[PDB]
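There are 4 protein chains.
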Amino acid sequence: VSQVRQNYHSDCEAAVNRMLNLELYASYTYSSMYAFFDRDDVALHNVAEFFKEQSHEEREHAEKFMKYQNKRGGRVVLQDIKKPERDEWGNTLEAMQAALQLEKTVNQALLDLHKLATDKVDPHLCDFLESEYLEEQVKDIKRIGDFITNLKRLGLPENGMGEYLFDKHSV
Amino acid sequence: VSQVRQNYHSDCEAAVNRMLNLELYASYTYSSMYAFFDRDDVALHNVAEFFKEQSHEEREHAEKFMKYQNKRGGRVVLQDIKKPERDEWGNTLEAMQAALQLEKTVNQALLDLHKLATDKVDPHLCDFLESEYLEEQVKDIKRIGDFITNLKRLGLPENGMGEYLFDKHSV
Amino acid sequence: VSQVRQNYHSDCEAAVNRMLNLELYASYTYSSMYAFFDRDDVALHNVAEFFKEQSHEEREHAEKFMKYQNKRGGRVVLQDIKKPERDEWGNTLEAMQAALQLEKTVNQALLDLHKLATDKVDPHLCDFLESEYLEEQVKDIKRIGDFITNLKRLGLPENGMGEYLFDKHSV
Amino acid sequence: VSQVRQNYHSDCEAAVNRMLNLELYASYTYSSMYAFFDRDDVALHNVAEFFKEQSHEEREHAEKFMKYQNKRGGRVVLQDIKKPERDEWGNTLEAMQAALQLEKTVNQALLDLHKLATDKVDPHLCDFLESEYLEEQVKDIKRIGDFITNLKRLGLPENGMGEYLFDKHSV
Ligand SMILES: [Cl-]
Ligand SMILES: [Cl-]
Ligand SMILES: [Cl-]
Ligand SMILES: [Cl-]
Ligand SMILES: [Cl-]
Ligand SMILES: [Cl-]
Ligand SMILES: [Cl-]
Ligand SMILES: [Cl-]
Ligand SMILES: [Cl-]
Ligand SMILES: [Cl-]
Ligand SMILES: [Cl-]
Ligand SMILES: [Cl-]
Ligand SMILES: [Cl-]
Ligand SMILES: [Cl-]
Ligand SMILES: [Cl-]
Ligand SMILES: [Cl-]
Ligand SMILES: [Cl-]
Ligand SMILES: [Fe+2]
Ligand SMILES: [Fe+2]
Ligand SMILES: [Fe+2]
Ligand SMILES: [Fe+2]
Ligand SMILES: [Fe+2]
Ligand SMILES: [Fe+2]
Ligand SMILES: [Fe+2]
Ligand SMILES: [Fe+2]
Ligand SMILES: [Fe+2]
Ligand SMILES: [Fe+2]
Ligand SMILES: [Fe+2]
Ligand SMILES: [Fe+2]
Ligand SMILES: [Fe+2]
Ligand SMILES: [Fe+2]
Ligand SMILES: [Fe+2]
Ligand SMILES: [Fe+2]
Ligand SMILES: [Fe+2]
Ligand SMILES: [Fe+2]
Ligand SMILES: [Fe+2]
Ligand SMILES: [Fe+2]
Ligand SMILES: [Fe+2]
Ligand SMILES: [Fe+2]
Ligand SMILES: [Fe+2]
Ligand SMILES: [Mg+2]
Ligand SMILES: [Mg+2]
Ligand SMILES: [Mg+2]
Ligand SMILES: [Mg+2]
Ligand SMILES: [Mg+2]
Ligand SMILES: [Mg+2]
Ligand SMILES: [Mg+2]
Ligand SMILES: [Mg+2]
Ligand SMILES: [Mg+2]
Ligand SMILES: [Mg+2]
Ligand SMILES: [Mg+2]
Ligand SMILES: [Mg+2]
Numbered sequence: 002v003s004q005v006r007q008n009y010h011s012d013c014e015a016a017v018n019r020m021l022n023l024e025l026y027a028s029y030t031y032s033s034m035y036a037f038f039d040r041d042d043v044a045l046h047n048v049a050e051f052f053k054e055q056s057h058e059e060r061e062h063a064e065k066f067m068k069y070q071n072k073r074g075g076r077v078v079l080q081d082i083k084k085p086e087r088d089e090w091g092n093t094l095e096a097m098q099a100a101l102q103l104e105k106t107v108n109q110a111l112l113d114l115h116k117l118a119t120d121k122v123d124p125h126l127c128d129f130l131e132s133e134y135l136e137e138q139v140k141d142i143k144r145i146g147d148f149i150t151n152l153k154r155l156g157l158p159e160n161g162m163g164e165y166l167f168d169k170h171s172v
Numbered sequence: 002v003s004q005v006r007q008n009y010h011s012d013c014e015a016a017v018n019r020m021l022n023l024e025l026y027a028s029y030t031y032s033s034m035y036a037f038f039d040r041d042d043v044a045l046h047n048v049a050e051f052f053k054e055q056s057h058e059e060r061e062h063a064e065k066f067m068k069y070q071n072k073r074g075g076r077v078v079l080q081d082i083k084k085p086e087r088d089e090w091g092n093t094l095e096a097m098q099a100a101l102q103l104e105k106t107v108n109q110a111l112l113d114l115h116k117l118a119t120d121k122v123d124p125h126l127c128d129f130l131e132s133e134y135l136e137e138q139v140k141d142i143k144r145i146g147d148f149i150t151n152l153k154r155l156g157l158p159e160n161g162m163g164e165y166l167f168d169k170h171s172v
Numbered sequence: 002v003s004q005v006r007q008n009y010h011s012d013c014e015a016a017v018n019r020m021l022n023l024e025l026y027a028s029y030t031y032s033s034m035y036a037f038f039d040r041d042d043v044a045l046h047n048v049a050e051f052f053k054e055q056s057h058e059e060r061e062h063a064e065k066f067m068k069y070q071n072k073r074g075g076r077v078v079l080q081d082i083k084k085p086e087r088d089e090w091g092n093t094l095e096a097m098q099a100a101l102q103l104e105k106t107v108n109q110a111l112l113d114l115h116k117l118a119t120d121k122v123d124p125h126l127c128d129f130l131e132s133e134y135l136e137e138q139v140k141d142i143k144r145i146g147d148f149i150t151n152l153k154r155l156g157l158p159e160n161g162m163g164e165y166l167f168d169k170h171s172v
Numbered sequence: 002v003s004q005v006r007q008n009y010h011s012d013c014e015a016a017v018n019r020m021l022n023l024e025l026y027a028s029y030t031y032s033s034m035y036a037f038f039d040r041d042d043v044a045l046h047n048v049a050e051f052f053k054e055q056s057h058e059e060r061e062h063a064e065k066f067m068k069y070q071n072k073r074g075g076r077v078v079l080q081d082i083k084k085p086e087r088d089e090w091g092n093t094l095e096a097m098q099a100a101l102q103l104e105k106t107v108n109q110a111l112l113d114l115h116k117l118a119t120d121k122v123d124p125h126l127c128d129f130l131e132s133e134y135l136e137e138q139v140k141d142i143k144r145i146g147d148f149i150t151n152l153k154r155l156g157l158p159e160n161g162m163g164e165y166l167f168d169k170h171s172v
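The listed protein sequences derive, respectively, from chains H, U, R and E.
So for the first sequence, UniProt numbering puts the first residue at 2; every next one is plus one.
So for the second sequence, UniProt numbering puts the first residue at 2; every next one is plus one.
So for the third sequence, UniProt numbering puts the first residue at 2; every next one is plus one.
So for the fourth sequence, UniProt numbering puts the first residue at 2; every next one is plus one.
One chain only, chain H, in its complex shape:
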């Protein structure tokens, strides 16, 4: 037993490791979206950079879980980072729709972890999730939803002019 460990359930420790992996998975998916929008036959640079930024943010989320694990006396256990679900992302609307679903998947995992922490009476873990993850998730989901509404308004997927306009005025 780690000398620092106090009120940290084995189940929570394991769930933190799984959450870390999911953050890394999300990062990798966003990196794929970056590379797609940087393709010469796609060429939406501001969209690409948005997803690149998101990729870096997700990596930061993962690293914060690593630090958390050690602070509580848990042990970081890593697993493979699975490649993204797709190799190409269609267009800005399709990519944003996938990003929304990804963000909701990550959010659900965070909420499930919060429920576990609650069940195990771990207020430190609850506080950590609330203060460092849950509000950022809601903000990101709202931003992506707002983008999707605008992409639909702009006539995506069919309206190429609309897609250009979004890249030039929304990101």
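Since the hints were made in silico from the structure, they are not lab data.
Everything hinted at is true.
Listed below are the simulated SDA-like cross-link pairs for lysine to any residue, each with C-alpha atoms no more than 25 Å apart in a straight line:
| # | chain 1 | residue 1 | chain 2 | residue 2 |
| --- | --- | --- | --- | --- |
| 1 | H | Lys84 | R | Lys65 |
| 2 | R | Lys53 | H | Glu50 |
| 3 | R | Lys68 | E | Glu58 |
| 4 | E | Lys140 | R | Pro124 |
| 5 | H | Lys116 | U | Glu133 |
| 6 | H | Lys68 | R | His170 |
| 7 | H | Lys68 | U | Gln98 |
| 8 | U | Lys153 | H | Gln7 |
| 9 | R | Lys65 | R | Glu54 |
| 10 | U | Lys105 | H | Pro124 |
Fit chains U, R and E with the ligands to the supplied structure of chain H, relying on the hints for placement.
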């Protein structure tokens, strides 16, 4: 009944007073460690100053509970501050081990208070503990654990050179 | 065929994708080393931060290959990022030895890619590898070798004082 | 034989002169595109200025070959600069398509020169081409390809609004 009092259970009010006393007790223990390491036959000034800083921090924790009590309309009730468990602290490793146990004792009391606040449906008290106490406790416990690992690596208690090196490069 | 593609062999495109994956694998291995040295029972913070920095550098190397692929009109294809070979890294010497071998593995892959680029008469790819990868590899290998020599001089793995001294004066 | 001449094959000297001429030809083509987009019945000023900038860049490329020739002890031999293939350039998409093909033609000539330099075992000439020409070519080709993708997305050649938008947000 205090004109400001709302959703503040008598049990929580009493537990806040006991928590205040424990913070003062912790402060006093750290002050003893400061004085020990400042002895001419001990003479580890950086270690002494670390514990002096910790003593002041614990006093601040106590004063914040006093302010909290009044904000909620509870009444501060003071008890004797018991002298520390020991009059001399052996060496840096022994002192750090005692500090770790002290920090875990304080942490357990904070967690118990959080559980009481939860049982009494007092989200303000829960928030206060989470935002002002629980993360600082985890950080401090991790720091002391890290120090202990390094002191053991440096050959404490036997290795006087190791102890000197710690004082000169870790604190 | 991509409108930008010129003098870019399919074999080189595929090898760039595999190289990208290897950079990501190296990044992930370094992230594991960071987490290990941040453990409360390991607690070598400067060593941990060295490996964290290395992890970020490797990720940058991977992203540069993504950008390269697109610049040439190749298509980024991602695969799983395999978890590191180990879950725990022993001590500073063992970790540095693994880092040296990892760096040499990455270097060999870069040299193999340079040989392929040479065989396919692709001077742009040769230049890219020489200007952006090969010298950094040699520098990193030399730095790690130098560290290993010093860790051995300091009596690793047995000499805990030596390990402490390295953390405090070399990184 | 020039007193400075060393390891500089006659074939390479001649090929450098031909490369110089091609750079001047490219410059002149871009100058024609500038003048076209500055016409009152075309009036896409940002597009015109892009091509004017490209024209100046190509002239700089030519002058660098002149300096190179002298540095190696070769002799600059000039030929007529042929007028561009066209007198009018249709629209932004047509001009960009011609620019892409021009850039690929120049790139192929640079790659052919690099192959000659390799065959004649001239590493100085290889280095010069790699460090001063080949990466700039790849960057320029990618930029123009990206523009073409966006012009097609914007409905060129038919969509005049799309063409206006490109001029106002892409260049
Ligand atoms: Cl526990
Ligand atoms: Cl699987
Ligand atoms: Cl595709
Ligand atoms: Cl928007
Ligand atoms: Cl009340
Ligand atoms: Cl008593
Ligand atoms: Cl004594
Ligand atoms: Cl020293
Ligand atoms: Cl330390
Ligand atoms: Cl090709
Ligand atoms: Cl496999
Ligand atoms: Cl272990
Ligand atoms: Cl060293
Ligand atoms: Cl010669
Ligand atoms: Cl002729
Ligand atoms: Cl005309
Ligand atoms: Cl564009
Ligand atoms: Fe995240
Ligand atoms: Fe798979
Ligand atoms: Fe996210
Ligand atoms: Fe709560
Ligand atoms: Fe909170
Ligand atoms: Fe964010
Ligand atoms: Fe985000
Ligand atoms: Fe305290
Ligand atoms: Fe007593
Ligand atoms: Fe404390
Ligand atoms: Fe503190
Ligand atoms: Fe403290
Ligand atoms: Fe690398
Ligand atoms: Fe595996
Ligand atoms: Fe590396
Ligand atoms: Fe580096
Ligand atoms: Fe490096
Ligand atoms: Fe020193
Ligand atoms: Fe040129
Ligand atoms: Fe003619
Ligand atoms: Fe050019
Ligand atoms: Fe340029
Ligand atoms: Fe150019
Ligand atoms: Mg467990
Ligand atoms: Mg998972
Ligand atoms: Mg917040
Ligand atoms: Mg009462
Ligand atoms: Mg008490
Ligand atoms: Mg906080
Ligand atoms: Mg292929
Ligand atoms: Mg591989
Ligand atoms: Mg270099
Ligand atoms: Mg000749
Ligand atoms: Mg010619
Ligand atoms: Mg260069």
